[PDB]
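Trainee: Produce the complete structure using the sequences and hints provided.
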Amino acid sequence: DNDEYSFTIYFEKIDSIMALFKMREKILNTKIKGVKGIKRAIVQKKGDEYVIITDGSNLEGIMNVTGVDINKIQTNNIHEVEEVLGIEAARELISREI
Amino acid sequence: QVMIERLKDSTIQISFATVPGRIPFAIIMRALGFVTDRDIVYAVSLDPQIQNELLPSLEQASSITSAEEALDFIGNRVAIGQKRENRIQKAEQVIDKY
Amino acid sequence: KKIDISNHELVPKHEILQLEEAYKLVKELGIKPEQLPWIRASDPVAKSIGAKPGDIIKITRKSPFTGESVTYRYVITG
Amino acid sequence: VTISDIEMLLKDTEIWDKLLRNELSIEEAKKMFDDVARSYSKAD
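So the sequences go chain by chain: C, B, H and Q.
So that you can map any letter, position 28 of the first sequence is 225 in the authors' numbering, and since no number is skipped, the others follow by simple counting.
So that you can map any letter, position 54 of the second sequence is 250 in the authors' numbering, and since no number is skipped, the others follow by simple counting.
So that you can map any letter, position 61 of the third sequence is 67 in the authors' numbering, and since no number is skipped, the others follow by simple counting.
So that you can map any letter, position 37 of the fourth sequence is 74 in the authors' numbering, and since no number is skipped, the others follow by simple counting.
Hints in this document: simulated from the structure, not taken from any laboratory.
Possibly wrong hints are sitting among the right ones.
Pulled from the structure, derived: some chain H residues nowhere near chain Q, Cβ distances all over 12 Å [what the hints assert, rightly or not]: (1) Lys8; (2) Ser12; (3) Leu16; (4) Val17; (5) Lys38; (6) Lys58; (7) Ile65; (8) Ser69; (9) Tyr78; (10) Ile82.
Calculated cross-link-like contacts (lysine-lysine; reagent style DSS-like; alpha-carbon spacing at most 30 Å) [what the hints assert, rightly or not]: (11) B:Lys204 / C:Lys233; (12) C:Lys233 / H:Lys38; (13) H:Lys7 / H:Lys38; (14) Q:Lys68 / H:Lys68; (15) Q:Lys67 / Q:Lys79; (16) H:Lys38 / Q:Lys67.
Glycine included, each C-beta is placed from N, C-alpha and C at the ideal position.
Mentor: Structure (structure tokens):
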């Protein structure tokens with residue numbers, strides 16, 4: 198530890214000018230929360246209920262998320278729902294999208 | 197046209213039309229008369245923060261520490277299956293012309 | 007993943023047609039059985055009802071023109 | 038895997054063709070259908 202909101206890693210094992218920047222970039226690319234694929238989520242009010250509009254698409258991950266109505270989720274991706282739900286669901290989604 | 201890249205691994209490569217492939221920055225710097233790494237990092241800038249980014253590119257050319265080694269590296273890039281002499285004069289002439 | 011998807015609002019109703027009904031349909035339509043639209047046996051909905059290749063699946067769908075519309079698919083290997 | 042699926046498809050087509058020509062009745066057609074299904078479900 199160094200400060201209230203600042204620390205330092207010492208990497209005493211590695212002895213190379215190369216791969217130190219690689220470790221830095223690997224650290225900078227580490228996920229801390231959220232599900233993969235989603236960029237940002239926005240809460241909106243449609244009627245008397247609250248919905249979430251998402252700039253990413255990850256159907257299975259959202260189905261795994263607690264507090265999500267699995268039987269009413271709708272997505273913009275047709276191949277995802279085709280692989281997850283089936284071919285008739287993909288047909289209906291194509292009709293609705295057009 | 198001369199194009200300069202900054203790859204994912206914090207290295208800088210210069211590649212133009214005549215010479216195939218990419219050439220590391222310190223290689224071209226040595227071929228043009230900059231032998232000491234301090235000379236390169238002070239010709240780039242005087243800012244320590246900017247100077248810190250030159251380290252991977254500086255060390256990627258630690259094998260080549262003389263102008264002639266850079267010159268015949270460029271020659272090997274452009275001239276294949278020739279002796280050292282004609283290689284170095286061809287490399288220096290293509291550097292001085294194109 | 008054990009989540010059941012047969013209750014999703016995009017999924018129509020799938021049924022396995024008996025051999026007599028399939029034979030009557032094929033004779034009345036004047037076609038070979040493989041001339042109907044195909045459905046893979048690995049489809050999640052087809053797998054949920056234990057469909058096997060060679061069977062005919064009857065699908066009931068919502069429709070703004072007639073309420074419920076019935077179509078047929080042929081189960082192929084895949 | 039793929040060859041077993043192709044053999045399944047070919048045998049199903051043959052059974053359907055035989056049934057459509059009235060060569061065999063319905064119950065033995067069903068027995069052939071599910072016998073082939075069980076026989077080729079082992080590989081899958």
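Trainee: With reference to the structure, classify each hint as holding or not holding.
Mentor: Here is what the structure says about each hint:
no.	hint	result
1	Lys8	holds, 20 Å
2	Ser12	holds, 22 Å
3	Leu16	holds, 27 Å
4	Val17	holds, 24 Å
5	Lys38	violated, 7 Å
6	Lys58	violated, 5 Å
7	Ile65	holds, 20 Å
8	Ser69	holds, 30 Å
9	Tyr78	holds, 14 Å
10	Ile82	violated, 7 Å
11	B:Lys204 / C:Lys233	holds, 22 Å
12	C:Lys233 / H:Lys38	violated, 46 Å
13	H:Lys7 / H:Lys38	violated, 37 Å
14	Q:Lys68 / H:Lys68	violated, 35 Å
15	Q:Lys67 / Q:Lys79	holds, 19 Å
16	H:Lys38 / Q:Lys67	holds, 17 Å
When held up to the earlier numbered hints, the structure conflicts with 5, 6, 10, 12, 13 and 14 and fits the remainder.
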